[PDB]
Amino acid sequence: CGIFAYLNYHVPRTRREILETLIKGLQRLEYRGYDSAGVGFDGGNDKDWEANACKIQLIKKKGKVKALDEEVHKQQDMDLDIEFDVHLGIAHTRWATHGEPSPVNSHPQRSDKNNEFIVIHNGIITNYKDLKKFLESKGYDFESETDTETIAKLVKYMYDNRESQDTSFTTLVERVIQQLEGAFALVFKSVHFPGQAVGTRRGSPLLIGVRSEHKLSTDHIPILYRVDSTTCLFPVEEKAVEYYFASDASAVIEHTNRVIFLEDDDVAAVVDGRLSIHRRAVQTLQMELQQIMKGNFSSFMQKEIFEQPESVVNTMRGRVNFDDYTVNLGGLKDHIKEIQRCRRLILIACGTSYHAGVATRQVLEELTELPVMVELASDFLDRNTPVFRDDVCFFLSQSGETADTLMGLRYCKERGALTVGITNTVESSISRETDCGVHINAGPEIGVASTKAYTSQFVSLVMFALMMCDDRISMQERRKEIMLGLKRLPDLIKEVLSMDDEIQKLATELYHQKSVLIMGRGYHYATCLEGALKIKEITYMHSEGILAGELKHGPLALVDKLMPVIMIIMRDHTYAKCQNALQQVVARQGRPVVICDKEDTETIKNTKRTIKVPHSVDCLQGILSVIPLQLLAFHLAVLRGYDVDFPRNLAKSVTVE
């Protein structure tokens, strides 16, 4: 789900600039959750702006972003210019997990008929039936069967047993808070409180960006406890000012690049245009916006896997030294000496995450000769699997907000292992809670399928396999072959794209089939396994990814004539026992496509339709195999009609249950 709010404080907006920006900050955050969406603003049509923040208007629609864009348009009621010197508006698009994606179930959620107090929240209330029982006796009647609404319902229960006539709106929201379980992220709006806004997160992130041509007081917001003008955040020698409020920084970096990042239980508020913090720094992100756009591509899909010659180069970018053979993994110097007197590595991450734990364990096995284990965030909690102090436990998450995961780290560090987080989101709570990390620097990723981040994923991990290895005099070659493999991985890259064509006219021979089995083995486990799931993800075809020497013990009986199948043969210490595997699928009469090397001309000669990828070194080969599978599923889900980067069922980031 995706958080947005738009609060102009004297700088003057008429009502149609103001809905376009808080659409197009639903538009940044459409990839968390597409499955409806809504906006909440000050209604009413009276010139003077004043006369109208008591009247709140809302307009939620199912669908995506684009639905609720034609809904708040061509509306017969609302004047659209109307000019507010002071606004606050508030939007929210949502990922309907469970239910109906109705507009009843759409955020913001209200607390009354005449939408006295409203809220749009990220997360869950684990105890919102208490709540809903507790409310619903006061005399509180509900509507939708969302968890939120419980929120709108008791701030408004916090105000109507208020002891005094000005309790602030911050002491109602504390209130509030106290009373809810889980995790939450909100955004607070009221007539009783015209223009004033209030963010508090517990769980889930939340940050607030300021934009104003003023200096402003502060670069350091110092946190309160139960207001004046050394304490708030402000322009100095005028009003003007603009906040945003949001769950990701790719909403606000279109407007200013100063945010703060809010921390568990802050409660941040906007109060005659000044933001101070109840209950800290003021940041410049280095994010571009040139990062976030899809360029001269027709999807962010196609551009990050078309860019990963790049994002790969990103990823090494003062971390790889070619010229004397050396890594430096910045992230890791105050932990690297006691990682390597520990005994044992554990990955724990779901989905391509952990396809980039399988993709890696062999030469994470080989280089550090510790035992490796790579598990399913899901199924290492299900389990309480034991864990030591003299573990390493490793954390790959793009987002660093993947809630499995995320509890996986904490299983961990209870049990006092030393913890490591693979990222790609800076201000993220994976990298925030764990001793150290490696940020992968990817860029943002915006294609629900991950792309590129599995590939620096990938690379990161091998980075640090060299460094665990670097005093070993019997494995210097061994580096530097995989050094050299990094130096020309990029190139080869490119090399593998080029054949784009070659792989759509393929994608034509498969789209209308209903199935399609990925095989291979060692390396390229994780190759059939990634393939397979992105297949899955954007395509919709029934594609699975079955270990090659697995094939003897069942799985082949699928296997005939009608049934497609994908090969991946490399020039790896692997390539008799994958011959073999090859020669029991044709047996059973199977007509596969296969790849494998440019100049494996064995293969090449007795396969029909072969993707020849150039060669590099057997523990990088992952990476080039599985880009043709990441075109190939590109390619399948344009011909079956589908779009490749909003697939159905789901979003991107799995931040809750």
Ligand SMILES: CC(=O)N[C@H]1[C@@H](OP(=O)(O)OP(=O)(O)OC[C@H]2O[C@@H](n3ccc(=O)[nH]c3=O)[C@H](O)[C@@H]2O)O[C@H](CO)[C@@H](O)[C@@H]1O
Second form
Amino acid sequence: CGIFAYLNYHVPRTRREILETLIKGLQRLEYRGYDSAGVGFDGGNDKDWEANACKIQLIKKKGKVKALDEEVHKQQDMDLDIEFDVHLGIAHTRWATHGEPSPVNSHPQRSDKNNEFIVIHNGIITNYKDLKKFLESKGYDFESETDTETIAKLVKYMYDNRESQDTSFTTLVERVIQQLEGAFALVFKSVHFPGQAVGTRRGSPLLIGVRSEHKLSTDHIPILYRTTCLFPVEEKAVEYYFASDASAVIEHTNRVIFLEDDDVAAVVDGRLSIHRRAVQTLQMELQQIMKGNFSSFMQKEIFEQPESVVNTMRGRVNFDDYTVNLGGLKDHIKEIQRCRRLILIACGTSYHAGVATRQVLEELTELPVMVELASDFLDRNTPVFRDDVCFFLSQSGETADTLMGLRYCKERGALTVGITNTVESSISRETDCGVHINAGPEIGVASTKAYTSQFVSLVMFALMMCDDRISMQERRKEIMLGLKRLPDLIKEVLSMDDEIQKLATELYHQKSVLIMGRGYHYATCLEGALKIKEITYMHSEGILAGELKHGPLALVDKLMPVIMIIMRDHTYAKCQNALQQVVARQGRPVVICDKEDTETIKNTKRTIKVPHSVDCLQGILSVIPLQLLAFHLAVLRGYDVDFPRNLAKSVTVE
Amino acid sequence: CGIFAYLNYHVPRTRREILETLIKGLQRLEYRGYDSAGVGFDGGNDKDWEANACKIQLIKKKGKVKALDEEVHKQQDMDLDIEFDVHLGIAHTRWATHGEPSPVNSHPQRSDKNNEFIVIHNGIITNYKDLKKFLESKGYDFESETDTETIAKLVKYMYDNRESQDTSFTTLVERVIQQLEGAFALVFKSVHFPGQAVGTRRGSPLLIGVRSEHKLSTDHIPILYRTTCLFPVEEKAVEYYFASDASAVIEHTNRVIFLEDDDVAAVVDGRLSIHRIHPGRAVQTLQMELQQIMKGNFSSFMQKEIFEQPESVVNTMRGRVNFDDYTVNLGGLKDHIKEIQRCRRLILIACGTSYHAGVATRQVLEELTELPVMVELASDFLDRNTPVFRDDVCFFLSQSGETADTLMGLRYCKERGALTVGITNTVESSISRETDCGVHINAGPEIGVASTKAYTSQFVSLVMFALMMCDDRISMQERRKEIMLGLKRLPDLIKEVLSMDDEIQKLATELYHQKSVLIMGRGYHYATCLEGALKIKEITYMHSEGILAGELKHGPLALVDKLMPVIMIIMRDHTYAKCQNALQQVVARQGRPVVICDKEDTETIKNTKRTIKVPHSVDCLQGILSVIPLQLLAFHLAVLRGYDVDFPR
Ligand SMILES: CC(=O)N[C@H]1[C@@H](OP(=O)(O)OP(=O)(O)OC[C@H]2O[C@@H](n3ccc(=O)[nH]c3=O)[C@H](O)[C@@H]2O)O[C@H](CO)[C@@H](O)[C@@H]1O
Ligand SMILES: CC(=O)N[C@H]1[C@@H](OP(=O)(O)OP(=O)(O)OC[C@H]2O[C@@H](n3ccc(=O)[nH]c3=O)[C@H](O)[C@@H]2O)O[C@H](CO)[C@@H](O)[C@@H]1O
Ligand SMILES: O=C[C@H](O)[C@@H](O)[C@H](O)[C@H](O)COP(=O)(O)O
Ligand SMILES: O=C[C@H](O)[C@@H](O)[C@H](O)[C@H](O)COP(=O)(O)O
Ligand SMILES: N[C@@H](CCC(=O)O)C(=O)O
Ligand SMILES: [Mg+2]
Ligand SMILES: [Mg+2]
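Alt. form solved in complex with this ligand, vs. the form deposited without this ligand above:
Everything in the complex follows now, all chains and molecules, and the chain you saw is the first one.
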């Protein structure tokens, strides 16, 4: 899901300029959810804007943001020429994992038929049933099946039972959050508090971006408890930007305030305070969240892996003297080496990054390495000990299951390490240490550069662990020479784009495809099969090549598409046996192999020839063809690679 | 692939009776698969059986034993009524590796056009190229494209170049295997050693059954190097059954000797000795009956081994679970359970369905041992050179006990000093022998192509081990009671699941025309999804895939629409609510799944159209009940589609 709100204070904006900023804010957040959307703003057509704050208008529609943008426009009642000197608009794209993605279930949710209170919510209220029964007994009727509605019906209940005639908007929200359970990131708007916004969170991201041509009073808002607020000094002109993601705010400003749990932020009279701290400068650049010259974000993020790989190693690898220094681990690396086991915990593609680096981690650390799916890790109550080092791989740093695993391991005294791509995420904060893979914002739902950057990051960690072993010095040099050559070799793989598109035209009409690999390329066939599932909707399954003889080989015939990965490492001969078994079953497989593997290239009709690299790095090169293959298969089938069906990016809830 | 030989010594048999025995022996070996078969016996029609030992006849044919049996009873100039007081007949079923299936390539292979030496072989001689060249340079002409023929030619070379006139048959075979490389199970017969048999193995099973109405000289045959042998005491009558599988012996006798690598067993003057280059080979009693390898009233071995799972689960627990005082005792682990309890990690290593048996019990093992439990695919385990340590307990799950990758993982772990434990279903298999200890799951022989009873018997065996590991913990007494009471009720609950066969058949009709099916579960039923999807792959040849329910929203949920068949497993355990979310996620995307749920789950049944309702059991045993409907689904789909469930692919 995604949250965005635009508050202009004495910065005159027409009703058209405000709605465009709300839609433009959702378009930046659409990748977090695109099953429905909605906006909230003041209605009325009075030339005097002050006589319009008492009327709230809601425009919600099922579909992507482009469906809501069309609903906002070509409306016969809303005059888009009214000028608002002060106004508050809220918007929200929704990932509907349950029920229907109808306008009634979209946000903002309202408290009554006159829209006295509207709220946009990211998360789940684990006790909305009790709140619904209670509010229903007090004479409040509901209209939707969402847990968010109990928040709107409750802020009005606190307002309808206020002791004093001038109870601040903050007070009401405080009494609400005290009755809510679970997680939530809320942005309230009420007719009784014109132009005032309240932003609180508890386990859900929420930041406030501020812009103002005038000097700001301070750069470190103090927290209050039941010379204090952030506001322009000499003048009133100021703009605020509530958002659950920094991508929607960077285009307007790079000055944001990262709230924290129970921090109730409020904007009253154009002054921002936080009840119950810093004002940071973001290092993100607008160009990082733009497609540029690519038609989709996924294709850009695939083709920019030569640069993102370099950025992951920038300032961390030194090829002149073959040294590796991860600044985020300097004050912990020595104690990590005294531990006795490594546990890698993640979901989806981030879990595949652990499968892909498990072998080199075992080799260079000589420690047991256990890779776990976070959901299953929690179901089993896996044993964890004080001398365990637990890694948590999360591009977003907010994945619920991975985050719960983190807190599970922390309670048991394990050393927790983060491999994240979001600085102010829950996982990067709550881990004792970690590495920001510095891949850059990932907009495509399917992770591409995050996987390769996680791969490289875990390799760099492995190179630090063995930097004191004489017997492994040459092995480190071999690997670090590969990392030096890796960007150019990735470019060579991307130059085969056309050749991979031709193969896509041979498979797009197929129902299934089996992707087979072993060793360093087990993760490759799992990740390739997952990417094809996600964006092409073909039934692709990754099969460990050594397991074919134990049953799955019965699926192979001349009709079943098969992709095989055969690289020049120590498993080459075993991979040749698997290929021979497939051919014996009349399979006609596409083989991803090494350029110099003349034997495989001679006896196979369709081959994808990637350049040779170090065995523990070849997985980076062998997965990119499957990233591209999934891309071209989706185009041929007429799907949108950026917005696959049935899901969105980052699973921040159950 | 299948070896069988019958040696009657002073037990008169007619040629008809001898041939019927050989054929019946091969009938017990057909289940392994083969492309040809053959028998070797004494030719000639001299009323005196002694003048016929210098003539060996071969009858080999590409096809099935039925065809071979027809060939035997169609030969002219061969009188079947001749009575042999002493005779050695050998038989073979071949799975071709070197050379196409044909009579010349079929076994027994001969040493020359007069059949001075004949041999039957299971395995591959990796250096048959060099051997064939050497023999050809010495004037020996080959006729087949098989590696086996080099063995028959080589034993004659050793005979033609023997130093003394009375060099034993053993000596010749000893000099042959010294020059052989690879894996083999061999049985030799020669006109120069009438009535004598020699058997040897290296990495291939070979055993000898013995029967006699007279007292045998010993039950432990001592070894001899280059009282002393096995034989009836006061009389000569005795029968020997060389075989590569006890299935061909058990109907005649349950007293068998299992050979080991480089043993050379010989029968000379009706007396069995074992030579190498005090230790000896035991004459043990097999707890195996013919009815365990016969279909009976079932139409296939798959159906039999699925529907007899109430009985195999009981056999797995017999003598090991005391429901009177609720204790668990695995005899095979008595002299190791206390050392196992001092180790710090469990590692389960296996392939295929045996691996799923570890996934299915990982959680309860973690719960009751409180130790880390790591479940490894054997092939990947070897590729990574997984770190193993002296205080690791490594388990090796194998129905057959001969799976190469699981066996090589065993030897890898033994090198690292780990304590090794076997969970096997084959006595005297490589994995059971070479592990420090283990448990024979006692499921009975598995004749079907796919693991059915073996999986559920491995499941139960691993649960029993977990119950031993926590038998000293006061805090877990109640949990152990709950589990053991579930093991008590488990056979009847299996019968309850099998009584829903009709409902499973209706589900097979709905999927009859389907090309894919997603099977979704989590927790205790993750393995159920993987195992069910494997059987449907292996038996029905459709693209069934197991998906961890918790991973749906991370990508795979995109496959859900109104056309993709989906089976979901939703039981009443601590993941019930999480499974319900998965169901809502699928339904919301127009998926209409079939649900395997508890018999009493009223909410799920009313909101879902087709539900397979299984009885409720303890959470760590429900995986046995939730997997059987998928076993039956695989069975019925294959039958519907005209496939032979007992035919390997
Ligand atoms: C401020 C910052 O972000 N990084 C600084 C650091 O990068 P540097 O790469 O050294 O530090 P990282 O970005 O990796 O992580 C910053 C801090 O967050 C912690 N952490 C990170 C990820 C995680 O999942 N869990 C976790 O606890 C790290 O332990 C570390 O203490 O030197 C570089 C110099 O050009 C710059 O990038 C920055 O001056
Ligand atoms: C094979 C055998 O004769 N088992 C007898 C044994 O069963 P019991 O249940 O006592 O022991 P098992 O049959 O399971 O195993 C027999 C021996 O082989 C070892 N082993 C087994 C499997 C394995 O994978 N690795 C391994 O090393 C065991 O540690 C044990 O020393 O006593 C029972 C009577 O109480 C008899 O009915 C069984 O016939
Ligand atoms: O292409 C698949 C997606 O990238 C998906 O698998 C994703 O990796 C997880 O749903 C959560 O990943 P993070 O924990 O890294 O956010
Ligand atoms: O239906 C599949 C088979 O049962 C298969 O998966 C089998 O489990 C392994 O190929 C080897 O198993 P064993 O090591 O137990 O013989
Ligand atoms: N390798 C031998 C024997 C194979 C077997 O039956 O196992 C052959 O092909 O004749
Ligand atoms: Mg931190
Ligand atoms: Mg043993």
